[PDB]
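As structure tokens, one chain now follows by itself in the form deposited in one PDB entry.
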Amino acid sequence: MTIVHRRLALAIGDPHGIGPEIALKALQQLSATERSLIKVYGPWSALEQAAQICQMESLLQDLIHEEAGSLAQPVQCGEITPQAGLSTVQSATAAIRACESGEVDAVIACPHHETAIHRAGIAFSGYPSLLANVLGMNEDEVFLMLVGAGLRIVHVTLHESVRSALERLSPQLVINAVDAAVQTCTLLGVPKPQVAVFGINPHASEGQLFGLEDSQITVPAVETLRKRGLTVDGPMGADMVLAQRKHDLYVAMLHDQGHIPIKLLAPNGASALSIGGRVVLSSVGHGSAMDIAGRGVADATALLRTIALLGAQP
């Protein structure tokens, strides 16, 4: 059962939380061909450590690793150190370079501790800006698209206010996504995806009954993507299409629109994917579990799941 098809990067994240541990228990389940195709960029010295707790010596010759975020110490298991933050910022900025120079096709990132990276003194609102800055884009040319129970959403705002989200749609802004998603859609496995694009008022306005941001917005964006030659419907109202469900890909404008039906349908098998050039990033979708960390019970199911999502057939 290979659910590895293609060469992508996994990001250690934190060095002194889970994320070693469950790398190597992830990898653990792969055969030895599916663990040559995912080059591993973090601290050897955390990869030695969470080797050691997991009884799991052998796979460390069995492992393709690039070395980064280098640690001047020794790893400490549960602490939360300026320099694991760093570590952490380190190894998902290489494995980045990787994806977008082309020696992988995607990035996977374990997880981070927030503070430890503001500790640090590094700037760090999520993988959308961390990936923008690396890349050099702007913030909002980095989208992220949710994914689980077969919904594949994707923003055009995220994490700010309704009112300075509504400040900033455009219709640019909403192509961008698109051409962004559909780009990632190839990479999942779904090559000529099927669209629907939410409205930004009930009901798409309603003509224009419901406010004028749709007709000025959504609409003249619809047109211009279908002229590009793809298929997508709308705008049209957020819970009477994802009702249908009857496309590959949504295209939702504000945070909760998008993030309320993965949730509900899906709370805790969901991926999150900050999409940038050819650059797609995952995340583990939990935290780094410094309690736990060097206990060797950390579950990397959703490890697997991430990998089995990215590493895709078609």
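We call the rigid core whatever largest set of C-alpha positions still superposes within 1.5 Å between the two forms. Residue numbers count along the first chain shown, from 1. Compared with the form deposited in another entry:
- Once you line up the core between the two forms, the CA of 165 is the only one from 71, 135, 80, 165 that shifts by 2 Å or more.
Okay, that one was the form deposited in one PDB entry. Can I see the form deposited in another entry too?
Single chain only below; no partners, no other molecules.
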């Protein structure tokens, strides 16, 4: 019934795509008390346009809003323009900053269009990087947690070569990913999670038979994490421990270790959470759908599912 139990920022994404419309459709479905917890970031001109189209002008007067990503000309639904790409980033940047300052507790970003952003002369390799940028952090102090089909898997390393990942793996890096993910677990509604840590090597090195990495890295980190009062198993072979399915958080050492389970078990309904400082940012799982922008075809299911996940009750 009630799916929003905390303050959230909602950036409307590309103002020429379906973002604005699906924002309105989602808010419409919430209670009045729930809407008052969602602050919207984006050009008012685009919410106005979407509202006239969907016939939801009734809803704007009940809407908490902050102008961001203002445009210099009227909205053009369906069109890829540099100005809409700038709007996209400006709005998401405004939402993130509201989270960094503590006005809200998490952020959702409606769909962006990669080309739009690029044609504005702005570098963009996904939400993990953007968040790193806006917060003043190295990209490897922001972690990606995938959530899908009961699995939550945080990744200690992400988009780099296996060798490069192995060379950067330290006890401290593992610890950071876990504390970041555990804090994120509180938000998702699991205050005291059971955590499993993957081995770097097959069979978590099987003592030291298959390498020293786990002795040096995952084993020390698990002991440090227990001393701080965390319920932690491992390191264990990622295959073996994942299969048992008795943990609320798995910790993956390498991209593929976490990405394979999630995409196999949840090809259609997974969330990608970028975590950094206090900020948890999740997309919706779909594109901006330029061809149907303004045409009343896109429903807000995926956004509502993201809101529900980030807005869970303690």
